[PDB]
Amino acid sequence: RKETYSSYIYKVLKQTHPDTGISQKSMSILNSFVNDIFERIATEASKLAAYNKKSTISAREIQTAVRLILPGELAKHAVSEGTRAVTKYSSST
Amino acid sequence: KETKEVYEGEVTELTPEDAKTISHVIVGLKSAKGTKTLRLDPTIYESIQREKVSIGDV
Amino acid sequence: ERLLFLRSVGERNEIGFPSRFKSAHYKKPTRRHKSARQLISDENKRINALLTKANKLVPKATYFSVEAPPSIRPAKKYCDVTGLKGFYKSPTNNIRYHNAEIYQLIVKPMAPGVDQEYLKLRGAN
Amino acid sequence: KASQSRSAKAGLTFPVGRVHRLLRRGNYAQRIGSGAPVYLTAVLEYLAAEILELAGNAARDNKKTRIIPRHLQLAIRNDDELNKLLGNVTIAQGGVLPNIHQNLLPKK
Amino acid sequence: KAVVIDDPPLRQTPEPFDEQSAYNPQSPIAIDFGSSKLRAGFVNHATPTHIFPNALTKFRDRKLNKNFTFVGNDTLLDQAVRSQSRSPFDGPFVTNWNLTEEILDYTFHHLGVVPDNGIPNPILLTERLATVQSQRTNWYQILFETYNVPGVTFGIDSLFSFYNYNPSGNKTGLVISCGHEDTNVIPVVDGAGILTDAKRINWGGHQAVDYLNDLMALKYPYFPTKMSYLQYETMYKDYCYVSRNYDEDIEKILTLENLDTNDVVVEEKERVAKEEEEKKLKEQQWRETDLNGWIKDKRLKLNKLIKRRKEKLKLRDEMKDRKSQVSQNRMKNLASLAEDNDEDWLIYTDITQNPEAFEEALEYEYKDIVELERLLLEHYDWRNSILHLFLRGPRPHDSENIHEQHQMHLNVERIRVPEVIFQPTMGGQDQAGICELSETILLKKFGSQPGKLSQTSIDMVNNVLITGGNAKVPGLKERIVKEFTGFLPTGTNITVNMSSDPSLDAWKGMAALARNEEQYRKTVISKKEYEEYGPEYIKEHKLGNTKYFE
Numbered sequence: 001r002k003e004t005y006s007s008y009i010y011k012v013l014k015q016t017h018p019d020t021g022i023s024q025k026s027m028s029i030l031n032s033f034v035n036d037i038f039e040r041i042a043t044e045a046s047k048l049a050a051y052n053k054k055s056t057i058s059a060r061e062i063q064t065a066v067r068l069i070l071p072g073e074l075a076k077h078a079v080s081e082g083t084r085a086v087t088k089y090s091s092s093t
Numbered sequence: 001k002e003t004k005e006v007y008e009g010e011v012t013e014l015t016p017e018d019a020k021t022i023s024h025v026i027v028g029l030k031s032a033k034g035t036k037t038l039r040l041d042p043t044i045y046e047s048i049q050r051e052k053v054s055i056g057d058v
Numbered sequence: 001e002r003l004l005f006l007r008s009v010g011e012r013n014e015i016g017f018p019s020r021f022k023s024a025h026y027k028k029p030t031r032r033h034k035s036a037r038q039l040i041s042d043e044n045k046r047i048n049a050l051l052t053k054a055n056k057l058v059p060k061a062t063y064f065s066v067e068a069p070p071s072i073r074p075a076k077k078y079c080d081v082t083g084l085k086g087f088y089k090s091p092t093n094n095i096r097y098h099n100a101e102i103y104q105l106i107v108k109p110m111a112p113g114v115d116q117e118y119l120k121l122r123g124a125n
Numbered sequence: 001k002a003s004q005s006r007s008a009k010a011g012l013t014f015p016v017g018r019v020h021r022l023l024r025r026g027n028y029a030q031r032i033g034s035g036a037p038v039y040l041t042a043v044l045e046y047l048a049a050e051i052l053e054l055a056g057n058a059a060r061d062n063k064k065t066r067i068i069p070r071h072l073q074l075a076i077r078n079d080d081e082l083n084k085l086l087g088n089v090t091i092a093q094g095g096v097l098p099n100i101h102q103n104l105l106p107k108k
Numbered sequence: 001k002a003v004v005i006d007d008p009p010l011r012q013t014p015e016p017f018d019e020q021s022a023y024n025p026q027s028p029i030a031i032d033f034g035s036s037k038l039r040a041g042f043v044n045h046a047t048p049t050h051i052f053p054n055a056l057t058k059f060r061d062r063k064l065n066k067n068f069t070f071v072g073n074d075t076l077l078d079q080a081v082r083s084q085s086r087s088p089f090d091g092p093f094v095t096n097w098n099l100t101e102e103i104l105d106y107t108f109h110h111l112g113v114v115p116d117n118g119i120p121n122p123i124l125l126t127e128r129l130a131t132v133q134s135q136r137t138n139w140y141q142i143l144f145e146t147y148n149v150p151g152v153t154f155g156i157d158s159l160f161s162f163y164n165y166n167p168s169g170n171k172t173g174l175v176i177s178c179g180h181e182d183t184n185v186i187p188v189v190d191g192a193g194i195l196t197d198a199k200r201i202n203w204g205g206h207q208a209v210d211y212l213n214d215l216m217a218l219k220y221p222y223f224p225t226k227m228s229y230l231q232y233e234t235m236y237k238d239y240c241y242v243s244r245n246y247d248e249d250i251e252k253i254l255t256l257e258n259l260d261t262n263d264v265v266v267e268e269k270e271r272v273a274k275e276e277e278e279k280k281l282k283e284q285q286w287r288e289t290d291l292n293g294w295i296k297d298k299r300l301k302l303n304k305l306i307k308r309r310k311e312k313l314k315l316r317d318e319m320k321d322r323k324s325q326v327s328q329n330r331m332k333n334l335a336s337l338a339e340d341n342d343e344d345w346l347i348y349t350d351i352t353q354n355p356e357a358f359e360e361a362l363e364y365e366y367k368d369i370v371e372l373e374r375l376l377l378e379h380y381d382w383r384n385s386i387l388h389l390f391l392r393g394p395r396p397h398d399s400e401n402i403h404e405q406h407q408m409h410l411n412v413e414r415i416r417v418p419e420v421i422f423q424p425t426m427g428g429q430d431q432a433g434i435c436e437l438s439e440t441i442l443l444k445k446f447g448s449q450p451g452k453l454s455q456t457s458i459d460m461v462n463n464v465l466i467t468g469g470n471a472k473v474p475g476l477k478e479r480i481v482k483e484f485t486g487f488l489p490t491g492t493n494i495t496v497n498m499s500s501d502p503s504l505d506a507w508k509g510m511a512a513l514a515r516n517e518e519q520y521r522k523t524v525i526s527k528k529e530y531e532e533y534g535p536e537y538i539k540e541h542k543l544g545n546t547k548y549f550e
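Chains as they are written, first to last, in our numbering: chain Y, 1 to 93; chain R, 1 to 58; chain A, 1 to 125; chain P, 1 to 108; chain W, 1 to 550.
Each hint should be verified, as a subset may be incorrect.
Partial chain W-side listing against chain R, Cβ under 10 angstroms, derived [what the hints assert, rightly or not]:
{"hint": "1", "residue": "449"}
{"hint": "2", "residue": "450"}
{"hint": "3", "residue": "451"}
{"hint": "4", "residue": "487"}
{"hint": "5", "residue": "489"}
{"hint": "6", "residue": "490"}
{"hint": "7", "residue": "492"}
Straight-line distance between alpha carbons at most 20 angstroms, and here's what the computed SDA-like set of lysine to any residue pairs gives [claimed, not checked]:
{"hint": "8", "chain 1": "P", "residue 1": "64", "chain 2": "Y", "residue 2": "15"}
{"hint": "9", "chain 1": "A", "residue 1": "76", "chain 2": "W", "residue 2": "248"}
{"hint": "10", "chain 1": "A", "residue 1": "28", "chain 2": "W", "residue 2": "102"}
{"hint": "11", "chain 1": "A", "residue 1": "60", "chain 2": "W", "residue 2": "127"}
{"hint": "12", "chain 1": "A", "residue 1": "76", "chain 2": "W", "residue 2": "245"}
{"hint": "13", "chain 1": "W", "residue 1": "482", "chain 2": "R", "residue 2": "31"}
{"hint": "14", "chain 1": "P", "residue 1": "108", "chain 2": "W", "residue 2": "343"}
{"hint": "15", "chain 1": "Y", "residue 1": "88", "chain 2": "A", "residue 2": "89"}
{"hint": "16", "chain 1": "W", "residue 1": "219", "chain 2": "A", "residue 2": "99"}
{"hint": "17", "chain 1": "A", "residue 1": "120", "chain 2": "Y", "residue 2": "90"}
{"hint": "18", "chain 1": "P", "residue 1": "64", "chain 2": "Y", "residue 2": "24"}
{"hint": "19", "chain 1": "W", "residue 1": "66", "chain 2": "A", "residue 2": "1"}
{"hint": "20", "chain 1": "W", "residue 1": "452", "chain 2": "R", "residue 2": "24"}
{"hint": "21", "chain 1": "W", "residue 1": "542", "chain 2": "A", "residue 2": "62"}
{"hint": "22", "chain 1": "P", "residue 1": "63", "chain 2": "Y", "residue 2": "22"}
Estimated spans, in silico, between C-beta atoms of each pair [claimed, not checked]:
{"hint": "23", "chain 1": "P", "residue 1": "1", "chain 2": "W", "residue 2": "214", "range": "45 to 51 angstroms"}
{"hint": "24", "chain 1": "R", "residue 1": "53", "chain 2": "Y", "residue 2": "90", "range": "38 to 44 angstroms"}
{"hint": "25", "chain 1": "P", "residue 1": "34", "chain 2": "W", "residue 2": "324", "range": "37 to 43 angstroms"}
{"hint": "26", "chain 1": "Y", "residue 1": "4", "chain 2": "A", "residue 2": "55", "range": "53 to 59 angstroms"}
{"hint": "27", "chain 1": "Y", "residue 1": "90", "chain 2": "R", "residue 2": "31", "range": "44 to 50 angstroms"}
{"hint": "28", "chain 1": "A", "residue 1": "71", "chain 2": "W", "residue 2": "255", "range": "29 to 35 angstroms"}
Rather than coming from a laboratory, the hints here were simulated on the basis of the structure. Where a beta carbon is used, it is the ideal one built from N, C-alpha and C, also for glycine.
Turn these sequences into a full structure, and let the hints steer you where they fit.
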C-alpha cells in the first residue's frame, strides 16, 4: 500500500485539458512538487504558531504563511481562492 | 360625448375569490399620492392573467 | 493660577468617604465588571431556562421580542468606494464598484486587508 | 444520514481529510483547527491548477498530446514568479532554455 | 473658501450651586439619565436646572491629593481633563456603578440638598424600553439602599414626551424616538403605550458619528493629522441633512452643476557642425518666412510623436499582462526559437527582454516630443474623471501646498450618514427601516386591513409625534410626511409634531406628570412594596414597562 495524489491532479487536468496525456515521471515531479509546497507551508505555519505562544493551528496562521511564502499576486489569488473555499465550507447551516 | 376613466399604479394585492370559478378579484393599486383598492369581475381577471401580472407590476 | 484653578474647583466640590448623602449603613457589595455583551447572553439563558421550565407560556415584552425583524423588500446595492449606485461587483474580493475608472484605480490595485475593512461597514466580512 | 466528504462541501477535488490526516500526525502542532485543511487544500488546488495550465499550454505549443518534463521545465522557467519560487530546484530531465549573449553573435 | 474646524470651546465660568433656602424636603426630583446627557431639576420648575454631559474623570496632581471630582460640566474646563472623561454607559446599558454613585452624589450636592438618613425626596427616573432584569433589580438596590428615597417611578422618555404633548393622558398617537444609541417606534392607544408591538432599531447618533469617522478615514488614508470624536460630531451636526428622495439625489450628486453649490470644504566634426548651423539658419529663415506653415508642420510632427509614444505605452502596458494574447505570442515565439540562419539569429536577438531600454526609448521619445513642441512654439482632464470629483470637488487640485493637503470634502456623506435610519442595511444591521415599521404598524395590525383603515389607525395617523435628541437633523419631517403619504390610502390626513428643541421634552414630561396631575401617585413604589414583593416587581402602569410573560 502506497499513497499518491494521481487521480485528483488527473481530474484537475481533465477539467481544463480533456485531450492531453500523461507521463508517469511527470506525476513523479508534480507529486514531489505538491508535497514540497505542503512541506514548507506546514512548517512555516507551525513555526509561526510556536512564535505566538499558541498551541492551535487555524486558518489565519496558514494565511500568514501563504502571504510569507508566495509572491504577491499569487499570494492574493491564493488567499482569494482559500477564503472563498473556507466561506463556502463554513456555510454548513 | 364620452368619458375616459383610468387607473394605474403598482399592484400591491391580488386576491381572487371563488363561488373552479372565481366570483371576483380584489386589486389594490398604489402610486406616489397613495393607494386605492378595487373590486373586479372575473372577465377583467382573465385579461389580467393574459398579461402575466404579478405582485409589484405597474 | 492655571495649575491652581483645577485644585480650587476640585476642593470646592470634594466629598469624603463618610458621605453625607448616603444612608447611615452602607454595606457596599462586590460586583463584577459585567460587560454589555454578556448581559444579553445571561438574560437570554434566563429566558430560555424559564421557558423550558414553563413548557415542561409565551413572552410578552423582552429585549429580544422588541427587536425589529429584517425587511421584506430587497435592499438596494451601492458602490463601496463612492457610495453611488453600484452596478458591478468584482469577482475577486466581492467589492461593488460604480464604473471602470474606480475599478482600475481603486478596486483592482488595492492593498490586502483593506477589502475586509470596506466590507466591515455593511457587515459583509 | 449518509453525507459525503468535506472536499465537495468546500467544492474541491483534492482530499481534505487526507490533508487533515497529514497535518495531524505530521507533528506540526498539538492541536489542529477545523478550517486549516480546507484552506491548505484550496491553496494546493490553485497551485496545481496553474502548473497544469502552463504545462498544457506548453504541450500545445510543441504540437504533442502528452506532458513531457521538458514542457514542465519550460513552463516553470519561462514564467517569473514560478522562477522565483522554484529557483533552487532542478527538474529531473528538464534541459536548459536557449539563450545567446548579444556580443557573442556574429555582429559584423 | 475652506472653513477650518477645531475642538469645541471650553466653559470658562464654573457651574453654579442651587440655594439652600429653596430646599423642599417633600418636593420630588426629575432625573433623565440619558446616555449622552443628564437632565436634573426640581419638579415645580418648567426648565431643568442642570444640563451636563454624563461623563466624569479622575485627576492626578504632583502634590498627591487624588482629587477626582471632575464630574459632568467640570470636564469642560481643560483639554487634558476632557479627553480622559468616561461615561457609565457601555452601549445601551450601564456596566460600572461606582461612577453612577459619584455622579448622583455630585448632582445631589449641586441641587442644594441637605439629607438625613438618606434622601427624603421621591425620584422620577427613566429607563430603556424592555430593559433586562439585572438592570432593574440593581437600580432598585442602589436607589433603595444607597440613597433611601421614599418613592421611585420608572418610565420611557418617549412616552414621557408624549404625555407632555398631550397631558390629558388618554390620547391615541404614534411616537418615533431617535435617541443616542437606538431608535424606537412605540404605538400608543388611549394614553397607554402598547409595548407588545413597539420596535427598536440598533442605530443612533453615536453610530452615525462612528460611521462618518470610518467613511472619512476610508476616503483619505494618508491624512497627516488625527481628528477627535468631537470634530466628527460637529461636522455631523453642521453639514448633514435628510434628502427628500435618496434614489434621485444619488444619481445627480456628483454632477458639475450640483457640486458647485452643496459641497462643503473642511480644512569631419567641423563639417557636421557647419551643416547643423546651416540647417538651423534654414529653419530660422523658414520661421521668418512662413511661420504658420512651419508651426503646422511642427504641430503635426508633435502629434505624430505623441501618437507613437501612446502606441509604445500601450504596447508596454499590454506586455505586462501574463494572460494577454501578446504574452501567449511571446511564449509561442520562445517555443519556436527553442524548436529551431541570420534572420532567426536576429529574431532571437530582438526577442530579448528590454525594460530599461524601453524606459530609455520612452525618455528619447519624450525628448523628441519636447523638441517638436519647442519647434511649434518657435514657429487627462479632471472634468470627466469622477474620482477627482469625489475626492477634490469641482476645483483643480495640487499636492505641493500644505493648505489643501489638510483639506476634506463632504459631498456624498451629507445625505449618506442620516439615511441609515431609513435603510439599516447600509449600516450592517439586518432590520427594517422607520417607514416600513410604521407601515406594518398602521396597515397590517390593530384590526386594520391593507386598503381599509380602522378608527384607531386614523387616530394614530392624525397624532404622529417625533421626539428624541437626534431629531435635530433637517429634512426629517418632510421625508416622513412624504413616505406616510406614499403608503397610506388616499385622502388620509397626516399630522406630525416636532418640538423647537426635542431634547428636553422628557424632562417637561415628568415635570408635568409629577406636578400637574395627582395621578402620579398611581405609579409610585414605596418601601413596603419593595420589601414585600422583592426586586423582581413591575408596576403595570400607563408610562412604564410591563411583565415579561403572559
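Taking the hints in turn, this is what the structure says about them:
1. 449: Interface hint status for residue 449 (chain W): holds (9 angstroms vs cutoff 10 angstroms).
2. 450: 6 angstroms, holds
3. 451: 3 angstroms, holds
4. 487: Interface hint status for residue 487 (chain W): holds (7 angstroms vs cutoff 10 angstroms).
5. 489: 5 angstroms, holds
6. 490: Cβ of residue 490 (chain W) sits 4 angstroms from chain R, so the hint holds.
7. 492: 7 angstroms, holds
8. P:64 - Y:15: Given that 20 angstroms is the threshold and the Cα spacing comes to 18 angstroms, the pair holds.
9. A:76 - W:248: With Cα atoms ~13 angstroms apart, residue 76 (chain A) and residue 248 (chain W) stay inside 20 angstroms; holds.
10. A:28 - W:102: Holds. Residue 28 (chain A) to residue 102 (chain W) sits at ~14 angstroms (cutoff 20 angstroms).
11. A:60 - W:127: The given pair, whose Cα atoms are some 18 angstroms apart, holds under the 20 angstroms limit.
12. A:76 - W:245: 14 angstroms, holds
13. W:482 - R:31: 12 angstroms, holds
14. P:108 - W:343: 14 angstroms, holds
15. Y:88 - A:89: Holds: residue 88 (chain Y) and residue 89 (chain A) sit about 18 angstroms apart, inside 20 angstroms.
16. W:219 - A:99: Within the cut-off at roughly 17 angstroms; holds.
17. A:120 - Y:90: Holds, because 19 angstroms separates the two Cα atoms, which is no more than 20 angstroms.
18. P:64 - Y:24: Holds, at about 16 angstroms.
19. W:66 - A:1: With Cα atoms ~19 angstroms apart, residue 66 (chain W) and residue 1 (chain A) stay inside 20 angstroms; holds.
20. W:452 - R:24: 18 angstroms, holds
21. W:542 - A:62: Status holds; Cα separation ~17 angstroms.
22. P:63 - Y:22: It holds: about 14 angstroms lies between the C-alpha atoms, which stays within 20 angstroms.
23. P:1 - W:214: 45 to 51 angstroms: Between residue 1 (chain P) and residue 214 (chain W), where Cβ atoms are some 47 angstroms apart, the hint holds.
24. R:53 - Y:90: 38 to 44 angstroms: 41 angstroms, holds
25. P:34 - W:324: 37 to 43 angstroms: Holds, since residue 34 (chain P) and residue 324 (chain W) (Cβ atoms, about 40 angstroms apart) stay within the stated range.
26. Y:4 - A:55: 53 to 59 angstroms: 56 angstroms, holds
27. Y:90 - R:31: 44 to 50 angstroms: 45 angstroms, holds
28. A:71 - W:255: 29 to 35 angstroms: Taking Cβ atoms as reference, residue 71 (chain A) and residue 255 (chain W) lie about 30 angstroms apart, which means the hint holds.
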